[PDB]
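Number of protein chains: 4
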Amino acid sequence: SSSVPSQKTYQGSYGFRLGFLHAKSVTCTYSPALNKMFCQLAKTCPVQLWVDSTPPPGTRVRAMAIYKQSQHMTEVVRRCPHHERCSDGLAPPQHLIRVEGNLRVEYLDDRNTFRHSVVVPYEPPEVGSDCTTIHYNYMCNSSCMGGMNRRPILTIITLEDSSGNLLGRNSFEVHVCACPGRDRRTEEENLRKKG
Amino acid sequence: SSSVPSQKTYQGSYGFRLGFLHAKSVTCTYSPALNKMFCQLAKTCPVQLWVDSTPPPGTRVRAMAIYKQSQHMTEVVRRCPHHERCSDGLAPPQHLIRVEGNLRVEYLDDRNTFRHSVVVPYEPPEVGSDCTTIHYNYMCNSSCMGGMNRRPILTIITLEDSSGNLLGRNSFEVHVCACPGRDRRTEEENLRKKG
Amino acid sequence: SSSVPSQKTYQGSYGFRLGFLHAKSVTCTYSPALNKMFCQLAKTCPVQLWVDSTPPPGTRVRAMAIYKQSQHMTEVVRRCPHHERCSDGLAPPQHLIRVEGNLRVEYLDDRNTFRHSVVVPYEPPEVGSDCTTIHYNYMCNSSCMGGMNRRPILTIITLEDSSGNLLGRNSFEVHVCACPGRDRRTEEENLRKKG
Amino acid sequence: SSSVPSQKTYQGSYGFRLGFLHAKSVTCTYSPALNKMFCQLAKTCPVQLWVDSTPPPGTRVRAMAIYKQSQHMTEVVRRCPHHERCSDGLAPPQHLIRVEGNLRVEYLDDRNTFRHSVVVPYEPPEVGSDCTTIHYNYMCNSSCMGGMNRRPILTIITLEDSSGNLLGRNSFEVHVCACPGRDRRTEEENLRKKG
DNA sequence: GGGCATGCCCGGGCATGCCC
DNA sequence: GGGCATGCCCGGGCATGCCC
Ligand SMILES: *C[C@@H]1C(=O)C2CCN1CC2
Ligand SMILES: *C[C@@H]1C(=O)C2CCN1CC2
Ligand SMILES: *C[C@@H]1C(=O)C2CCN1CC2
Ligand SMILES: *C[C@@H]1C(=O)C2CCN1CC2
Ligand SMILES: *C[C@H]1C(=O)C2CCN1CC2
Ligand SMILES: *C[C@H]1C(=O)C2CCN1CC2
Ligand SMILES: *C[C@H]1C(=O)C2CCN1CC2
Ligand SMILES: *C[C@H]1C(=O)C2CCN1CC2
Ligand SMILES: [Zn+2]
Ligand SMILES: [Zn+2]
Ligand SMILES: [Zn+2]
Ligand SMILES: [Zn+2]
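Chains B, A, B' and A' are the protein sequences, given in the same order. A prime marks a further copy of an entry chain.
Per PDB author numbering: the first sequence = residues 94 to 115, 119 to 182, 185 to 293.
Per PDB author numbering: the second sequence = residues 94 to 115, 119 to 182, 185 to 293.
Per PDB author numbering: the third sequence = residues 94 to 115, 119 to 182, 185 to 293.
Per PDB author numbering: the fourth sequence = residues 94 to 115, 119 to 182, 185 to 293.
To be clear, the hints were calculated from the coordinates, so they are not data collected in a lab.
Do not rely on the hints blindly, as some may be mistaken.
Pairs count within a copy or across copies, as identical chains cannot be separated in the list.
Said to hold, decoys possible - Mimicking PhoX-like on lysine-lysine, the simulated pairs with C-alpha atoms at most 20 Å apart in a straight line are: (1) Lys132 <-> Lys291; (2) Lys292 <-> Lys120; (3) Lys164 <-> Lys139; (4) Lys132 <-> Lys292; (5) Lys120 <-> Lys132.
Let the hints inform the model, and build the full structure from the sequences given.
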């Protein structure tokens, strides 16, 4: 009956976790200490999917954004009106999160919660590789007036079988911004000094 | 053939000029040194109309915004998409400038230049008074993404007869902002120090 | 019989001349010493038209680009293939020079010389003003491979009556570039040191 | 479901690897330290194919370019518009990579990913020889505006049987430029000093 | 082979909505 | 009223086609 999706980490029976690749305006930078990706608008944000056991055929990978703070959790995360009026052919203009480089992407609007998500098939790593990578794009800055409006979000990645069973769930915070390197360095310093 | 309206001051045969009434977040404050009004979003911005000779019956007062900088002059000033989706009953949501407190306001979209304008009847001062005041409202901040986007505007006020003849023109710069007193003080200080 | 238009200054009986408004990446900067405008791609380049005597009704203003160097004069100046595949509604994509802010702009391809030009009506200055301003845009950098390719151009402005008589002609060099302030300062220094 | 081809080295059951032949503007020079070929536009770039075991009859050799950087991987590498408008009879003008000196070259456009590829038959070395050489040509510089636009590419070379099975994969970075010797020396020095 | 011109890149710093 | 976060701006400097 809740309209807020769970954010609880659940590595599950397949041992599912995420991984991230390792400069003031670098396109993206991940902070392990904050479990937080700092990236730029509409630029590639690679996310690695790691499993210990191979999921069954037909497994899907869903990404959804939610507001991190209790006061805003129940608000659906959407693109701002400006960037909505700004396409790749498939992503509805209201969706914040896109996937690039995938021929089987699906964009969903939940008919009960109104929340947006984007789904791609799970592909196992190629022989000799330990993970599979998805290229996400965030189509607004965290600061956009009328959209995220300086409020932090979480991206929730779920691994789901074809029947809809939850196989695994993970999440990370996102700050989309002009200067990821600056903003990560400042947040990490405030954490150490004042957190 | 130009689509940019004139901004040239023209006091005209009636001696037409503007006047302004005389704190970090005051609702509005006018800088004579900069010929610039600093005011808050959707709050009253009074402008006085002064004439030496009484205009003829059916005279009208039009207000229109243009970008001040040469690089932006040819672009129509519009409300940003966020505030457009935010009414008083008569103002189209795309118009930046509204008039409050007037039963005869007319909002115009130019069919050739696409520029917006707001018009009210000219009313002579009451006996013993030297001027007539119009309460304007600016419906975005100068900073709004997808709108003014930090670009300065001028408001051009024209006195026109019923036939459309230009009787007088004056203009002033406008900065719509959260903190008019701070922003005025900073710009005036930079003018004296570095202008 | 020549396919190269004249560039000879001809102030004519109306006393026609141009004027220019007076920072590393400023949008544009004019060098009187070089008679040369340094501006940015697709940004406003204002040019003032000055006359001593009022031209007759129906006078037009034409702008055309030609290569300045003898070795390239006979080559038609065009947009590069990249920027051609990049509109305002009226300018053909092959034209280098556009006019913004004018409801009566006309773009011409000469059927014999294949050269491009853009024409607007001449409007006399408003009462109290000494000149009329046209906002040109250059849609390629001087450096564009396959277009100007680092070769300098001249813009030729002609004042023509409705019948086609040449009333006046002027010209200026143009360098469209990323950093007008840098490039002007460097060229002026080399002129003084080595010219 | 991905539209980005794998770049993972796979020597495979046949022991497949590449080899390269060993001056500021030399036509080409290969850096083992960088696994990077530096070569000139439209000039021969020989690549050797080495195998430990003889591939089956009907084996084919495919070459394809992808952008090396994560941010650009999902974009198809194409010739820039200028050089596209510049042929050998068989290569489509949009293809960056050509093969010279082969009577059986095939140029392919993938109907799903839109990526370009060039394929020739695999020929075993002549008796006494240890490798077979293919002469590739790169038809734009890495710097070309509207094409690679200064972004590094990889060339992915795949050995495939007639049925389409992947037998082996190798790749190398390519920098197409005016001065291969200069650019190699500079990148190798920056690697040692700052890498 | 030595060197220039020029698009584009930063790391330093401003303006401004919003917070106390 | 005092102060932070954040998009965007520079002036300094690199990479690279082309010139001698
Ligand atoms: C997760 C894996 C790795 O460890 C490297 C980088 C991304 N994938 C493919 C190779
Ligand atoms: C212009 C006049 C005045 O001088 C005061 C203030 C505004 N109006 C009415 C009275
Ligand atoms: C040429 C004239 C002037 O002298 C100023 C600036 C541009 N026009 C209008 C006013
Ligand atoms: C790979 C072989 C060699 O070692 C030499 C040079 C190129 N091929 C033919 C002979
Ligand atoms: C931080 C951000 C900026 O402001 C520019 C330089 C570095 N980064 C990218 C653009
Ligand atoms: C400048 C502005 C603010 O930030 C608050 C205090 C004063 N003013 C109004 C609200
Ligand atoms: C010279 C040019 C640049 O390289 C950036 C800063 C100044 N100018 C505009 C952008
Ligand atoms: C680097 C390049 C040049 O600029 C010329 C000399 C050497 N090389 C070929 C042409
Ligand atoms: Zn946005
Ligand atoms: Zn707004
Ligand atoms: Zn161009
Ligand atoms: Zn090219």
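Quiz item: Are the CA atoms of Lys164 and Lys139 at most 20 Å apart within a copy, between copies, both, or neither?
Solution: between (22 Å within a copy, 15 Å between copies)
Quiz item: At most 20 Å between C-alpha atoms: does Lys120 with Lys132 qualify within a copy, between copies, both, or neither?
Solution: within (16 Å within a copy, 28 Å between copies)
Quiz prompt | Intra- versus inter-subunit Cα pairing at 20 Å for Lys132 with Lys291 | solution = within (18 Å within a copy, 32 Å between copies)
Exercise. Check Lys132 against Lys292 for me: Cα-Cα at most 20 Å, and say if that holds within a copy, between copies, both or neither.
Key: Result: close within a single copy only, 18 Å intra versus 28 Å inter.
Self-check item: Intra- versus inter-subunit Cα pairing at 20 Å for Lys292 with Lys120
Solution: between (22 Å within a copy, 18 Å between copies)
The earlier numbered hints are all upheld by this structure, with none contradicted.
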